[PDB]
Every structure is written in C-alpha cells, then in structure tokens.
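Peer 1: Listed below, chain by chain, are the residues.
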Amino acid sequence: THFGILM
Amino acid sequence: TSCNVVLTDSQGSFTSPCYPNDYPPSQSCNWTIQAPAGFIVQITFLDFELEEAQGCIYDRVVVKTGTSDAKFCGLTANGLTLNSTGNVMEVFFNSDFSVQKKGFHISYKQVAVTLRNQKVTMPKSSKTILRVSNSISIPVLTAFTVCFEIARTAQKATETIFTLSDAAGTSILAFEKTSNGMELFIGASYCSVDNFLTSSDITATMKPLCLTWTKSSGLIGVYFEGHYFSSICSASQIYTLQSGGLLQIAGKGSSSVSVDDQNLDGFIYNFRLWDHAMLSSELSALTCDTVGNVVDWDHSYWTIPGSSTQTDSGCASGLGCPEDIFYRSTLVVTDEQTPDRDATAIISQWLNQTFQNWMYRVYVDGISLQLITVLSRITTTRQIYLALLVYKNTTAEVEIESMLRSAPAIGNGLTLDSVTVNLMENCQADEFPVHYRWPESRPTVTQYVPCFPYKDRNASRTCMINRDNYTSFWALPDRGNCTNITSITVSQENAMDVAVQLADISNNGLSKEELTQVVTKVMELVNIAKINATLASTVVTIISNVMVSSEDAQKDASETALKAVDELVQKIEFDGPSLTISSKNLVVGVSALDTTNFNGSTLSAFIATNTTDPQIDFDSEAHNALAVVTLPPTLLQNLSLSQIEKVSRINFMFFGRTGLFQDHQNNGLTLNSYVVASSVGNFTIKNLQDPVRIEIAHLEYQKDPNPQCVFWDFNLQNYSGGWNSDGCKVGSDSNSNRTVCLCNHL
Ligand SMILES: *[C@@H]1O[C@H](CO)[C@@H](O)[C@H](O)[C@H]1NC(C)=O
Ligand SMILES: *[C@@H]1O[C@H](CO)[C@@H](O)[C@H](O)[C@H]1NC(C)=O
Ligand SMILES: *[C@@H]1O[C@H](CO)[C@@H](O)[C@H](O)[C@H]1NC(C)=O
Ligand SMILES: *[C@@H]1O[C@H](CO)[C@@H](O)[C@H](O)[C@H]1NC(C)=O
Ligand SMILES: *[C@@H]1O[C@H](CO)[C@@H](O)[C@H](O)[C@H]1NC(C)=O
Ligand SMILES: *[C@@H]1O[C@H](CO)[C@@H](O)[C@H](O)[C@H]1NC(C)=O
Ligand SMILES: *[C@@H]1O[C@H](CO)[C@@H](O)[C@H](O)[C@H]1NC(C)=O
Ligand SMILES: *[C@@H]1O[C@H](CO)[C@@H](O)[C@H](O)[C@H]1NC(C)=O
Ligand SMILES: *[C@@H]1O[C@H](CO)[C@@H](O)[C@H](O)[C@H]1NC(C)=O
Ligand SMILES: *[C@@H]1O[C@H](CO)[C@@H](O)[C@H](O)[C@H]1NC(C)=O
Ligand SMILES: *[C@@H]1O[C@H](CO)[C@@H](O)[C@H](O)[C@H]1NC(C)=O
Ligand SMILES: [Ca+2]
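For the protein sequence lines, the chains are Q and A, in the order given.
Residues 828 to 834 in the entry's author numbering are what the first sequence spells out, letter by letter.
Residues 39 to 351, 368 to 376, 400 to 472, 477 to 827 in the entry's author numbering are what the second sequence spells out, letter by letter.
Calculated directly from the structure, the hints in this document are not laboratory data.
It cannot be assumed that every hint is accurate.
What the hints assert, rightly or not - Facing chain Q, according to a computed beta carbon distance under 10 Å, are these residues of chain A, among others:
1. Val502
2. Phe742
3. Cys790
To be verified - Output of the computed footprint for chain Q on chain A, the stretches with three or more beta carbons under 8 Å from beta carbons of chain Q:
4. 744-751
5. 764-777
As the list claims (entries may be wrong) - Which chain A residues face chain Q? A few, computed with CB under 10 Å, are given here:
6. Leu643
7. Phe736
8. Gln783
All C-beta atoms in this analysis are idealised placements derived from N, C-alpha and C, irrespective of residue type, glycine included.
Put together the whole structure using the sequences plus the hints.
Peer 2: Below, the structure is given as structure tokens:
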C-alpha cells in the first residue's frame with residue numbers, strides 16, 4: 828500500500 | 039560547455055564532454071584547431087577510451103588533416119601523436135544512444151615546419167639580413183666544413199653566397215663568385231675554387247656543395263657531384279677566423295660598404311657549418327639530415343622571416375573507402414559539322430583517350446547534351462554537355482581540367498571552349514529516422530549503424546549516384562533486421578539483456594511516447610522472468626530514471642510503472658535476512674518475516690552521510706528519517722491460517738520523487754510528501770484493530786498545516802488510480818516537518 832500526505 | 043569550437047591558441051587542451059566521467063550519449067563534436075600559415079598542428083591523446091565496435095560504428099573519434107581521415111574507438115588511439123599536413127587539424131567525436139565510456143583528453147600544440155622542409159630566397163637589397171641568430175656563438179675557427187644546396191634564377195659576374203663578418207663589421211669569410219669566378223675569401227686572401235666548380239653551375243636544380251679548409255695546411259677541399267677535390271691555398275695559413283661574428287645568407291662578401299644588389303639570385307637549402315675540416319671518407323658518410331656542429335639548418339639557429347621560406351619535394371576512413402572516385406563535368410563544345418555526326422560519341426571517346434594518354438584510369442560513365450544553340454553560321458552549334466568521369470581504383478579536379486584544356490581539338494570541327502570539373506559531393510551526415518545517425522559518406526559507400534535500441538544487429542544506408550544530373554543522394558535506410566522497443570519478446574534468457582539496454586536509454590531525454598513503451602516492456606519483463614538482485618537492480622533504475630522525466634511523460638506510464646515495481650518486489654528471490662535495491666529516486670527492500678515470533682516491526686528510510694541515494698533501516702527508526710513505517714504487534718491477529726501461511730516477507734519502498742502519483746481529482750490538494758509503501762505479501766491486510774504508524778517527512782515546510790493522510794487506491798478513476806482517504810487519520814505527533822498517519826490497513 829503506497830501512502831502519501833495531501834496538503 | 040561547448041564542444042563545437044575553433045581553437046587558435048599556441049597550445050592547449052580539450053576533453054570529451056564530462057571527462058573524466060563518462061561522455062553523454064548522442065554527442066556530436068567538432069574541435070577545429072587552426073594555426074597560422076607557417077605552422078602545423080600536432081595532437082596527442084593523453085587518455086582515450088571509447089565504446090569498441092567493428093568498424094567503429096558505435097562511438098568513434100575521427101582525426102582529419104588536409105590529406106587523410108581516420109576513425110578511432112576502443113583503446114586504439116590512446117598513446118598516439120598525430121601531425122597535420124597543413125595548418126588545420128580537425129577532431130570529431132560522435133557517440134550513439136547507449137553504452138558510454140570515459141572519453142578522452144587531447145593536448146594540441148602549434149609546431150613550426152622544420153627548416154629542412156624549406157628553401158630560402160636570398161635578398162636583393164640590404165637591411166634585409168638573413169643571419170645566424172645571436173642564440174648561437176660562432177667560435178674561433180682554424181678549420182671548418184660548410185655544406186649547402188644552392189640553386190639560382192639569374193646570372194651576374196659578382197654575386198655572394200655566404201658572408202661571415204667579424205664583430206667590427208669587416209668580412210673575414212665569404213664564398214662568392216668573382217672577377218675570376220668561384221672563390222673562397224678567407225681573412226684577407228682569395229682561394230679560388232674555380233677548377234672544381236664555377237658559375238655555369240648556378241642551375242635552378244638544387245645540388246649539394248661542401249667546402250672545407252684547415253689553417254695548418256691551407257688545404258681547401260671541395261665536394262661537388264660525388265667527387266672530392268683538393269687545393270692548397272698557401273696565403274690562407276696566416277689567418278684565423280675570430281669569435282663572435284655575423285654569418286649570413288648571401289651578404290656583403292669581399293666588399294667594403296654595401297650588399298645592395300650585390301647578392302646571388304635564387305634559393306639555398308640545408309646550410310650547415312662544422313668545427314673541423316672533413317676527410318673524403320667523412321664526406322661520403324654525410325647525409326643531409328646530419329646536424330651542423332656550429333650552425334645547423336634548424337629554426338633555432340637562424341633569423342629568417344616567413345617572406346623568404348618556400349616548400350619543395368579494415369577501412370580507415372569514417373567516410374568510407376569506395400573503389401571508385403566520381404567527378405561531374407560541364408563541357409562547352411563548338412561543333413562546326415552539326416548535321417553530319419553525333420558529337421557525343423566523338424566527345425566521349427576523346428574523353429576516354431585523353432586520360433589514357435597521361436596513364437590515368439579515368440573513364441566516362443555517362444554523358445548527355447544539355448543545351449544546343451546555333452551561332453552565326455547555321456551549321457555551327459555551341460553544345461553544352463554534362464558528363465560523369467569515374468576514377469578506377471585510386472586512394477584532383479584542376480588537373481582533370483588542365484589535361485582537358487590542353488587538348489581542345491576534339492575531332493575535326495569540334496573544339497572545347499570551356500570545361501569545369503567538380504568532385505562529386507559526399508552525402509552529408511543525416512539522421513533518418515530518429516536515433517539512426519548516418520555519418521558523412523563518399524559515393525557508393527554503405528554505412529552501418531546500430532539498431533535502436535538493442536544493438537543486436539545493424540541497419541544500413543547507401544550514398545548513391547543519381548545517374549541523371551550526376552549528383553549524390555542518400556538512398557532509403559534498410560532497417561529490416563531491426564526491432565522496436567516494443568517488438569522484442571522477452572524470455573528468461575534475454576531479460577537481463579533487454580533490461581540493461583532500456584536502462585541505458587532512460588537516462589537520456591526521452592519522448593513521452595518512448596517512455597510508455599519502455600514501461601510496457603519492463604512490465605512484460607517483470608511478469609515473465611524470475612527475479613534475483615541484479616535483474617531487479619536494473620529494473621529499479623529504469624523506473625528511477627522515468628521518475629526524473631517530465632510530469633506529462635510519466636502520467637501515461639505511471640500506473641504500469643507502479644504495478645511493475647510492486648510485482649518485482651513480490652517475485653524477488655534473495656538469500657540473506659534482507660535485500661535492499663537502491664537508486665537515485667527509488668529504494669526498495671525486502672526482509673524476511675517469521676509469523677510465529679512476530680512481535681512488531683519498525684522500518685525506516687534515510688539518506689546517510691555524503692550518500693546521494695536513500696537507504697532502508699529494517700530494525701530501528703534511523704536518524705533524520707524521511708519515512709518511518711511501524712507495524713503493530715497485532716498485525717496478523719485477525720488473519721486466517723490460510724492467509725497467515727502466505728506471509729513470508731516485509732516489503733518496503735521509498736519514492737523520492739512524486740511524479741508517478743498524479744491525481745487530477747484532488748480538489749486542488751497538492752501532494753507535499755514522499756511516498757512510502759509497505760506490504761507483507763500479495764494481499765492487503767484490512768480493518769486492523771491497532772493501526773500502522775506511517776510517518777512521512779514533508780517536502781516543504783508548512784507552519785500549522787492541515788494534512789490529509791492518504792493511500793494510493795488503484796481502483797479509483799476507472800481502475801487507473803488515485804489517492805484515497807479511507808482508513809487513514811492523522812496522529813497527534815505531526816508538526817510542520819513531518820506527518821504521522823494511523824492507517825487501519827497495510
Ligand atoms: C568543423 O568546424 C569548422 C569551423 O567551424 C568548419 O569549417 C567545418 O566545416 C566543420 N566541419 C564539420 C563536418 O562540422
Ligand atoms: C609528427 O608526427 C609523427 C608521428 O606520426 C612524429 O613521428 C614526428 O616526429 C612529428 N613531427 C615532429 C617535427 O616532431
Ligand atoms: C570508355 O571506357 C570504358 C571503360 O572500359 C568503356 O567501357 C567504354 O566503352 C569506352 N567508351 C567508348 C566510346 O569507347
Ligand atoms: C554489423 O556491421 C559490422 C561491420 O560494421 C559487421 O562486422 C557485423 O557482421 C554486422 N552485424 C550484423 C548483424 O549485420
Ligand atoms: C540482415 O541479416 C542478413 C542475414 O543475417 C544479412 O545477410 C544482411 O546483410 C543483414 N542486413 C543488414 C542491413 O545488416
Ligand atoms: C538534380 O539535382 C537536384 C539537387 O542536386 C535534385 O533535387 C534533383 O532531383 C536532381 N534531378 C533529377 C532529375 O534527379
Ligand atoms: C514496430 O511498431 C509498429 C507500431 O505500429 C508496428 O506496426 C510494427 O509492426 C513493429 N515492427 C515490426 C518489425 O514488427
Ligand atoms: C539470476 O537468475 C538467473 C535465472 O533465473 C540465473 O541464470 C543467474 O545466474 C542469476 N544471477 C545472479 C547474479 O544470481
Ligand atoms: C499475485 O496475484 C496476482 C493475481 O491475483 C498474480 O498475477 C501475481 O503473479 C501474484 N504474485 C506472485 C508473486 O505470484
Ligand atoms: C480481531 O480479533 C479480536 C480478538 O480476537 C477481536 O476482539 C476483534 O473484534 C477482531 N476484529 C476483526 C475486525 O475481526
Ligand atoms: C524542520 O524543523 C526545524 C525547526 O524545528 C527547521 O529549522 C527546519 O528547516 C525544518 N526542516 C524542513 C525540511 O522543513
Ligand atoms: Ca555509445
């Protein structure tokens with residue numbers, strides 16, 4: 828599972 | 039940062055681009071080295087390593103002087119020193135699309151042409167002194183040998199050949215033809231050498247002449263036309279030639295004041311002077327290359343201006375080595414018997430006959446009439462012909482013009498008015514199609530280039546002769562043995578070769594359409610092949626190189642690239658407790674998981690001290706980490722026994738660049754993070770009771786941010802992919818530098 832941070 | 043320059047300094051250096059690291063692909067360089075008119079250029083390769091190929095058809099260096107042309111690759115030019123025949127030396131370098139070596143470092147140097155390749159006109163006036171330079175000190179002489187080669191234009195009763203005047207100015211040694219002809223003037227006396235040579239031998243053909251003298255006997259010696267002569271000059275045993283004098287070409291001789299129109303007219307060559315008088319045995323072992331003991335024919339010994347120096351007396371080329402050299406000519410003839418004959422037969426047989434009267438193998442391969450105009454008599458035409466002359470089997478145009486111009490009587494009433502002959506122009510260097518770069522070629526030469534991009538076989542193109550207006554043109558390339566990026570079919574046996582070649586092209590500026598073809602072939606490769614470390618290290622750097630491409634290039638290929646990296650990690654075979662595969666923008670890692678003693682795990686991505694590539698810490702949270710993934714101890718708690726036996730490994734990926742994760746349905750939210758991935762097998766563990774702690778460092782600072790923890794959902798946007806918020810909330814440890822996520826699935 829690829830995880831990112833949206834801002 | 040320019041490799042198409044003109045270098046004009048007296049000496050210097052140039053290297054291949056990025057030397058001592060590897061040159062880039064697809065280079066084309068033209069260093070032209072130009073010296074002034076009395077100099078030649080000497081290059082020296084200080085270092086040289088190119089990609090080797092048969093016929094140098096991959097990367098080559100061409101060294102061009104005025105008369106030859108030679109191609110170099112491999113190591114073959116490394117210790118080499120080459121010399122231009124004129125004053126311009128040109129060095130070319132071309133690399134193709136893949137496989138780069140170190141390149142080269144070349145030193146260039148302006149070298150004067152030696153004095154022994156030059157003859158010297160002696161002057162008619164004065165204040166034009168052509169002397170031994172004051173670098174040389176002429177000793178006290180009680181014996182000498184002087185030799186030179188002399189040749190003349192005009193005649194005169196009094197003329198001088200050399201003059202040694204002392205430090206006060208009066209002449210003490212001179213060779214001059216006099217009232218009584220050929221005489222050596224020594225000190226104040228006259229020693230006639232007229233019985234062994236005279237001024238009837240001031241021919242315009244050069245001939246060597248040696249004069250010897252000793253004080254002790256008075257013995258003059260003369261060497262001329264192979265024979266040695268001797269004579270006693272008893273008056274000359276009184277004199278000694280003093281130190282520190284001025285020796286010059288022609289000069290004053292036995293005169294008190296002027297040298298003004300008191301000199302020979304003509305050429306001199308190889309003027310040398312020695313300390314002793316030579317025997318005839320010593321004069322017969324005397325080559326023209328032997329150095330003079332006091333004065334030698336060498337520029338460091340003289341001050342002679344440039345106004346008084348003349349001159350006298368597989369396939370290696372990158373252009374190809376054709400069997401025949403072709404010329405196109407334009408003949409203007411006058412026919413006074415136009416209604417009788419056909420002048421084309423008479424002209425072409427006269428053309429064939431004239432070159433064989435000078436023993437040249439030049440023949441006519443085609444001729445046709447272009448223009449026919451009558452003149453004053455209606456039966457007299459001026460006819461203009463276009464003709465192809467072919468030179469059979471030889472390794477100049479104005480000589481062909483002059484052998485034709487010196488025979489204008491072609492037939493009776495047929496007369497050459499004008500002829501121009503042009504050497505047939507090479508096909509220029511030309512890229513057709515893209516990545517098929519064909520070099521400059523002589524006519525009927527076929528060139529071979531590598532098939533883009535696997536280079537297993539060749540393509541070919543021929544520089545042909547248009548036999549209508551006798552100009553050259555490139556024929557169509559034969560790419561019949563060549564394969565596309567897409568058209569190769571991957572096996573287990575060719576997977577390492579395919580992946581290595583695609584990893585080469587991806588460093589270069591690729592089109593967006595080439596990039597999705599490389600990423601489709603990488604997906605075929607990862608699917609059919611069994612994966613160990615060295616195969617996966619090539620595949621991770623195909624994907625790392627597409628991460629530094631433009632955002633529009635990646636966007637069409639990113640879901641295949643993401644899915645191919647994901648399956649590479651599932652399929653990789655490794656031997657130790659863990660395996661890490663690094664690149665510039667992508668590090669992937671696998672480590673073994675024991676499902677019996679699993680008490681939790683913390684994994685970490687970081688870049689170490691003066692390392693440019695990110696690494697993986699499998700045990701701890703490394704210092705100044707960019708991504709931390711903490712798996713809870715209850716990760717496998719709600720798993721069935723069927724699922725828990727399919728759990729062998731922990732997978733970890735860190736994406737340094739974000740261009741594979743584009744989302745145009747984000748409501749204007751920008752991704753300000755690295756992307757970290759993790760899994761424990763071919764399946765996703767869902768709905769955990771204790772979350773996965775995912776901590777990712779931000780790309781930029783953001784004071785009091787509003788972060789949204791997301792995961793990449795491959796099912797969104799008609800199974801193309803997008804960020805998804807579901808299951809992921811923000812933990813309390815998040816600041817302006819990092820965000821901590823608690824996600825309930827992995
Ligand atoms: C190389 O450069 C010189 C000077 O710029 C030019 O005269 C020459 O035609 C060039 N040749 C090629 C093949 O580029
Ligand atoms: C010019 O180059 C050749 C090498 O091909 C070398 O042997 C020769 O000595 C050079 N000329 C001079 C004057 O050094
Ligand atoms: C000119 O020479 C070529 C070379 O063999 C020959 O084939 C040709 O027939 C000659 N032309 C004439 C008109 O004899
Ligand atoms: C490619 O060309 C080289 C010569 O330039 C030749 O030695 C080689 O056999 C060629 N290979 C193929 C597959 O055509
Ligand atoms: C293609 O391959 C054949 C057979 O191997 C060979 O004879 C031919 O010269 C090749 N064509 C080119 C352009 O190299
Ligand atoms: C004549 O030469 C020109 C350019 O050199 C070329 O474009 C043209 O096709 C030639 N003529 C014929 C009839 O082939
Ligand atoms: C190379 O790709 C094109 C793309 O349309 C394809 O049509 C062609 O058949 C391929 N080349 C070969 C030799 O199969
Ligand atoms: C990788 O695997 C292939 C077969 O799958 C094998 O032939 C090759 O020797 C292996 N290479 C290394 C470096 O282990
Ligand atoms: C994981 O499952 C998919 C289909 O569900 C399959 O295509 C893939 O090959 C599997 N991975 C491995 C390593 O067998
Ligand atoms: C997982 O197992 C624990 C204890 O066995 C249980 O309390 C919990 O409800 C389970 N959760 C799910 C989603 O099955
Ligand atoms: C991390 O935070 C410190 C202050 O706490 C700040 O000096 C630094 O610039 C931050 N680094 C980044 C990459 O935002
Ligand atoms: Ca190359």
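Peer 1: Are three or more residues of the segment 744-751 of chain A within 8 Å, CB to CB, of chain Q?
Peer 2: holds (count 3)
Peer 1: Let me know if the C-beta of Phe742(A) comes in closer than 10 Å to any C-beta of chain Q, holds or violated.
Peer 2: Cβ of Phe742(A) sits 6 Å from chain Q, so the hint holds.
Peer 1: Can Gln783(A) be said to touch chain Q, with a Cβ gap under 10 Å?
Peer 2: 6 Å, holds
Peer 1: Does the CB of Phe736(A) sit less than 10 Å away from some CB of chain Q?
Peer 2: 8 Å, holds
Peer 1: Next item in the hint list is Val502(A). Is there a CB on chain Q closer than 10 Å to its CB?
Peer 2: With Cβ-Cβ at 72 Å, over 10 Å, it is violated.
Peer 1: With a cut-off of 10 Å, does the beta carbon of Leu643(A) approach a beta carbon of chain Q closely enough for the hint to hold?
Peer 2: 7 Å, holds
Peer 1: If you look at each residue in the segment 764-777 of chain A, do at least three have a Cβ nearer than 8 Å to any Cβ of chain Q?
Peer 2: That given contact holds, which follows from 3 residues of the segment 764-777 of chain A lying within Cβ reach (below 8 Å) of chain Q.
Peer 1: Minimum Cβ distance from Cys790(A) to chain Q below 10 Å?
Peer 2: Cβ of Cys790(A) sits 6 Å from chain Q, so the hint holds.
Going through the hint list in order, the structure does not satisfy hint 1, though it satisfies all others.
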